[PDB]
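A.B. asks: Model the full structure from these sequences, guided by the hints.
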Amino acid sequence: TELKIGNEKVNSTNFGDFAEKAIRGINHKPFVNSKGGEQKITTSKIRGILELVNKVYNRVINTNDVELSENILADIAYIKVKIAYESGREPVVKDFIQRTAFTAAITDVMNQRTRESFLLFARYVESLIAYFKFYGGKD
Amino acid sequence: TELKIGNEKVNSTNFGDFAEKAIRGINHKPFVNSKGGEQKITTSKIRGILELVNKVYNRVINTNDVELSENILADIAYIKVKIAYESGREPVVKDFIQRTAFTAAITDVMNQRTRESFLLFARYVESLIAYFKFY
Amino acid sequence: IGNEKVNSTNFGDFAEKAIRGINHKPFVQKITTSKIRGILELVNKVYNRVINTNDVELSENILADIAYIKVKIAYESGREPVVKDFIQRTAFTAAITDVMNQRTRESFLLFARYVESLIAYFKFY
Amino acid sequence: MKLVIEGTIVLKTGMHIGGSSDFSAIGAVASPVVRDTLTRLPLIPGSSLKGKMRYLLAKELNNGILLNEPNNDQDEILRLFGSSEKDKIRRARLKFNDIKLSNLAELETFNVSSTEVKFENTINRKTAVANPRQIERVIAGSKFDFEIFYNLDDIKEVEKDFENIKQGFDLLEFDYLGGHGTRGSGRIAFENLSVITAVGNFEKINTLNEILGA
Amino acid sequence: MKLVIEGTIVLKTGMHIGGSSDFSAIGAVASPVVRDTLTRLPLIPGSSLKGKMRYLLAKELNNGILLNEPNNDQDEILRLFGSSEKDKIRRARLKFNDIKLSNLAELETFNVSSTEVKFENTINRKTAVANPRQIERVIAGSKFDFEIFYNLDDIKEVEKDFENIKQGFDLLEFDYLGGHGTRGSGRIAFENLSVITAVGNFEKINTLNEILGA
Amino acid sequence: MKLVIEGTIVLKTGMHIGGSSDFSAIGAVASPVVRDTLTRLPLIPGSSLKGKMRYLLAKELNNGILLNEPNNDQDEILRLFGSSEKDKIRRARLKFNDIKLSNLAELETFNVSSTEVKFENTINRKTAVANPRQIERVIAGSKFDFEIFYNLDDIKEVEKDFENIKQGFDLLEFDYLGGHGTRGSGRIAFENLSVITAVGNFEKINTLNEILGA
RNA sequence: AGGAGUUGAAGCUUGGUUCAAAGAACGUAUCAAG
RNA sequence: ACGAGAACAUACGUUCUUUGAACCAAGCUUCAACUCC
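Listed in order, the protein sequences are those of chains C, D, E, G, H and I.
The first sequence maps to residues 12 to 150 in the authors' numbering.
The second sequence maps to residues 12 to 146 in the authors' numbering.
The third sequence maps to residues 16 to 43, 50 to 146 in the authors' numbering.
The fourth sequence maps to residues 1 to 214 in the authors' numbering.
The fifth sequence maps to residues 1 to 214 in the authors' numbering.
The sixth sequence maps to residues 1 to 214 in the authors' numbering.
It is worth saying that the hints were derived from the structure and are not from the lab.
Backbone N, C-alpha and C fix where the C-beta goes; we use that ideal spot for every residue, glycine too.
Keep in mind that a hint or two might mislead.
Stated by the list, open to error - No more than 30 Å apart at the CA atoms, straight line, and that leaves these computed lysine-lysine pairs for BS3-like: (1) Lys-56/E with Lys-118/I; (2) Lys-166/H with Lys-12/G; (3) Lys-50/G with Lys-2/G; (4) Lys-66/D with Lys-118/I.
Said to hold, decoys possible - Here are the simulated distance ranges between beta carbons: (5) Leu-130/C with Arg-35/D: 25 to 33 Å; (6) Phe-110/I with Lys-91/E: 25 to 33 Å; (7) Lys-46/C with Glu-108/H: 48 to 56 Å; (8) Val-4/G with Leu-61/H: 47 to 55 Å; (9) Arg-58/C with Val-4/G: 47 to 55 Å; (10) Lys-91/E with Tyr-146/D: 47 to 55 Å; (11) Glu-69/H with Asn-71/I: 22 to 30 Å; (12) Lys-46/D with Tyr-146/E: 21 to 29 Å; (13) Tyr-146/D with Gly-47/C: 24 to 32 Å; (14) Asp-170/I with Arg-35/D: 56 to 64 Å; (15) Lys-126/H with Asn-38/D: 31 to 39 Å; (16) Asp-22/H with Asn-38/D: 26 to 34 Å; (17) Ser-113/I with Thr-125/E: 14 to 22 Å.
C.D. replies: This is the structure in C-alpha cells:
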C-alpha cells in the first residue's frame, strides 16, 4: 500500500504530486543528446510506455485476489525488460526513465507482489503521462 | 513455468534478474581472445541469435495448443544446431553461450515440449539482449 | 518423418554423438574442414532447387540429383581412407538409399538438416 | 403454475452490453462491459434481453413498423411483457433474469480470458485524421445459461405465448443483443431451449416444449 | 421480413487489419493482426468493413468528394448505414458481422500458416540509415465467408438499396480493406454473392439476387 | 471513379528483394528473396515499388538534392503518394499492389527455375582472405503484371499526375528496384503500359494512354 | 596428383501521428396540484 | 387490550445511436568466388 522509489516513499496520497514534481523537474532541466541542443522525449514513446502498462492494467482491474497471479507478474517482469531495452536504445528515454524513476517502482511492485501495489504503479504512470501532456503540449 | 540452467532455476517471474546477472557476468570479467586484449561479443551475432529464435516465436504465440508441434520443435532443434555452429565460428560466441547458459535452456525446451517453456525461453533471450543493449 | 531412427528433432543430437565418437579414438590424420564442406556444398546446391519447388513429392530431376551426389561421394570416398571412415561411421549412404526408397520432400529436408548438423558439430569440437 | 424457460445464449460475435460511463483510465479500455461484481464475471442483464425481445417481437407483430410508445403496442406484447397504462394494466407473465457466463471452465481450457478488447477508430473525413477507440467485448463462443420464469396465467393462451416467444427468439438470431451491433458485434444464437415446471407437473408440457425446442 | 446478404471476401493481397492487445517481442512483429481470441483465427471486424464501405459508397454518391460527418450523407447512405443526427435519426438497415477466416483447411492443404510476416524498412533521407519494422499480415488467397443482415422495411426502396450495396462492393473491389493499403496490401474481391431470406419469403427475391449476382 | 494503371515490369538483371522468415542452411543461401507466401512464388512488394518511385520522383522534382523528411516533399509527390503532417493529410491517389510473378509458364518453356543463387564474397584487403555469401536472386527476363489504382480526385490535375507517373516510370529504368542494386541488380523495364476505367467512362482517356504508354 | 580456409561480417530491430467524439442524463402512474 | 389495525415503494422502459486502428516509411546500406602453394 506504499511503494518505495528512492529515500522517500509514495502511496495513494502522493503519486500525482510525485509525478507532477518529476515532470516539472524534467522541464527546467531537460536532457541533452550529446549535441548542442536539448531534446526531450516525444509523445509517442511515452504513449508506448503507457500502452505497455495498460496491457496489464486492462487485466488486473478485473481480478479477484489481493495478490497478483503469476502470468500478471510475468508480464510485469517483461515490462521491466521492455523499459530497460527501450531506454538503452535511446538516451532520451533513459533520462526520462531514470529521472521519473520507473525501474525502481516496477521492481518494488515485483517485491510486494500485491494488486494494490500494481494499481499504485499504474495510476502513477497514468498521472505521469497526464502531467506530461498538461505541461507544454504540442497538440 | 519451469526451466533449468544448472542446479539453478529460472521461472516466469524471474528471467529479467538472471538476464541482469548473466550480462553483468559477461561484463566485469569479459572474454580473452587468446591474447592480452579484451573482446566482447558484437550486436549482430547475438541479435542474429534473436532472429533465430523469433523465426519460431512468430509461429508459437500465434497458436493455441499447450504442446508444441513437431515442425516447431524441429526448428527448435535447428536453433540448437545453429547455436553450436556459430559457437564454432567464434570463440567469443562460445563463451557468451557458455556463460549465459543458452544450450541448457534450449535443451530444457527440447525436454519439456510445452508451449509455455519455449515462451519463457523467448522471454529469457529477449531479456538477455535487452540487458546487453542497456549496458 | 521416421527416416531410419532419426526424427525431425534428434538429428543434431545424433550428429553430436557421431562427432564425439569421431573426436576420441579417431582414424589413425583426422579429417579436415574442406572435404566435409564440399559434401555440404553439393548437398545444399541440391537443397536450393529442392526447397524452391512447389509440391510434396519429388521430380525426376531431383532423384537424378540425389543419385549423382551419391556417385560423387562414392568417388570422394574412393579418394581418401579418412573420408571412408567418416562416411562409414555416419549413416550417410544409408540416408541416401532411404531417400531413394522413400522419395519424400520432408525426408530430404531432414537429411539436409542432418548433414548440416554434421558440419556444425564437427565445427563445434 | 409457473414454468421455467431454460436455455443457453451462445455468442457469435462480441456482445458489448453495459458499463459505467465513468472514467476508466487514460490509455486503457474505455466503457467496460457489465459484470457481476462479486465474481466480476461478464454479465447479460435481463433488462437488455427483455427490451430487445420486446422491440423485435412487437415489430413482427403490428406487421411492419413500430412507431409507438411501449405501454400500448399489441395485446400479445402487453400480456407477455407487462403493462402500465392508467385504466388498463395487466402483469407480465415473463420474469427475465440476470444471465451470468457459464463456460468459463471451457474458456480456461483454451487459455483465454472471458473478455477481450477491440480496438476501433474513426476517420474525420475533412482532415483524414484518426480518433481511436477501445471497447471491452465479451469473446465469441461465450455461453450464457439463462432462466426465464413464465407465469401461466391462463391455459387458453400458453401455446400462443410460446409461439410468440419462439418467434422473438428466432428474431434475435438475426439481430444483435446489445451495443455496437451494426459494427459487427452482438450476434447471438439461442440453443438448448426447454421448459420445465417449478412445482408439481404440467400435463400438456410437450406441445410447449417442441414448439419452443424446434 | 429480413434478408441475409451472403457472400465471401477473397484476398488478392495481404490485408493487415488491426491492433492487439498483445505484448510484443523485441525482434518480432510490431502491430500484429487482429484475431478472434477464442480460436486465434484472423478476423475482419465488421466495423472496418462497414466504415470502408460507407466511406466509398458515400464518396460515389455525393458525386465527387465528401468532406462532411457521417450524419450529413444523403438519405440513401443514412438509411443504409444508420444515423445519429439529433432529430432525423434513422435505424441502420444493415447489420454487419465480425468475419472470421473461413478457408483455413484449404490454407493448410498447401502447408502454410494462416498469416505471414512481411519485412519492411524505411531509410532516413539524409543519413541513409534503415529502420526495419515487421508487420503481421494475412496471406493472400484467404477467403472470408461473410453475411450481412438487411432489414426490409420499405418494399419500394429495396431495389435502390441493393443497387447501392452492389455499387459499394464494386467500389471496394478497387480499394483496400484495411491497414497498409497504399503500400501494397488489402486488395480484396467479392465472390459467391447472393441474398436469402431469414424466415418466410420475399416476393421479388430474384430481382435482388440478380442485381448482386453480376 | 477510379483508373487502373495496368502494366508489366520486365526484369533485365537480378532484383533480389526482401527478408524472409526462412531458416537458412549454412552451406546454402542466406537472406533469401521475398515470396508470395501462399505458394511462396516470387513477389515484388508494393511498398518497395512505392518507396523507389517516391524516392526517384522526389529527386527529379526538387531537381537534384534531397535531405528532407518524406512529408516535406513537393505538392505533386504528396498528392500522389500521401501525407501524414498534422494539418494537411493527403489521401493518396495511387494504390500500389503486391506484384506476383506471372510468366512462370514462360520460364518453364525455357526450362529454368524462377530464381537463382548468386555467389559473392568479400576480400578483406589486408590479408586477402575472403568472406563468402549466397543471395537468392530472381532471374532476368521475368515479367511482373501489375495494376495501380489511380483514384481520380479532379480532372484538372490528372494530366499532370500521369505525366509525373510516367516520369517516375522513366526514372526507375536507370536505377535499381531493390537489394544489392548498386552492384548489378534490380534493373527493371516498364513494358506495355496502359490505363483503363474501373466503372463508367473517362471521356479524355485517349490522351492519357498517349502521355503514359509512349 | 591438387591440397587448406573464409561459408557470411558489420549497422538499424520500428520512427513519428491523433490515444474514447457527439447524443440521451431518467420518463411516467398512484402521492400531490386543481 | 400499544395513535393502533390491514398495506411489496411497486408497475412500465435495450447503456443504446453514429465512428476503417488509421495515415506516412525501399529489408535496405557497405562487400571482387577469392587467396596461397
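A.B. asks: Each hint should be assessed against the structure and marked as holding or not.
C.D. replies: These are the hints, each one checked on the structure:
1. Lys-56/E with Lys-118/I: Given pair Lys-56/E, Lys-118/I holds - Cα atoms ~22 Å apart, limit 30 Å.
2. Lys-166/H with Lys-12/G: Holds, at roughly 26 Å.
3. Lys-50/G with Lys-2/G: 18 Å, holds
4. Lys-66/D with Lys-118/I: 24 Å, holds
5. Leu-130/C with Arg-35/D: 25 to 33 Å: At 31 Å between Cβs, range holds.
6. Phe-110/I with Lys-91/E: 25 to 33 Å: 29 Å Cβ-Cβ, so the 25 to 33 Å window holds.
7. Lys-46/C with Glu-108/H: 48 to 56 Å: 54 Å, holds
8. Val-4/G with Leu-61/H: 47 to 55 Å: For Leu-61/H against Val-4/G, whose Cβ atoms are near 51 Å apart, the range 47 to 55 Å holds.
9. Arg-58/C with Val-4/G: 47 to 55 Å: 51 Å, holds
10. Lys-91/E with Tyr-146/D: 47 to 55 Å: 52 Å, holds
11. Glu-69/H with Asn-71/I: 22 to 30 Å: 26 Å, holds
12. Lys-46/D with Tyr-146/E: 21 to 29 Å: 23 Å, holds
13. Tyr-146/D with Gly-47/C: 24 to 32 Å: 27 Å, holds
14. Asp-170/I with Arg-35/D: 56 to 64 Å: 57 Å, holds
15. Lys-126/H with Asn-38/D: 31 to 39 Å: Since the Cβ atoms of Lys-126/H and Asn-38/D sit about 34 Å apart, the hinted range of 31 to 39 Å holds.
16. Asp-22/H with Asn-38/D: 26 to 34 Å: At 32 Å between Cβs, range holds.
17. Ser-113/I with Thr-125/E: 14 to 22 Å: 21 Å, holds
In the structure shown, no violation is registered for any of the earlier numbered hints.
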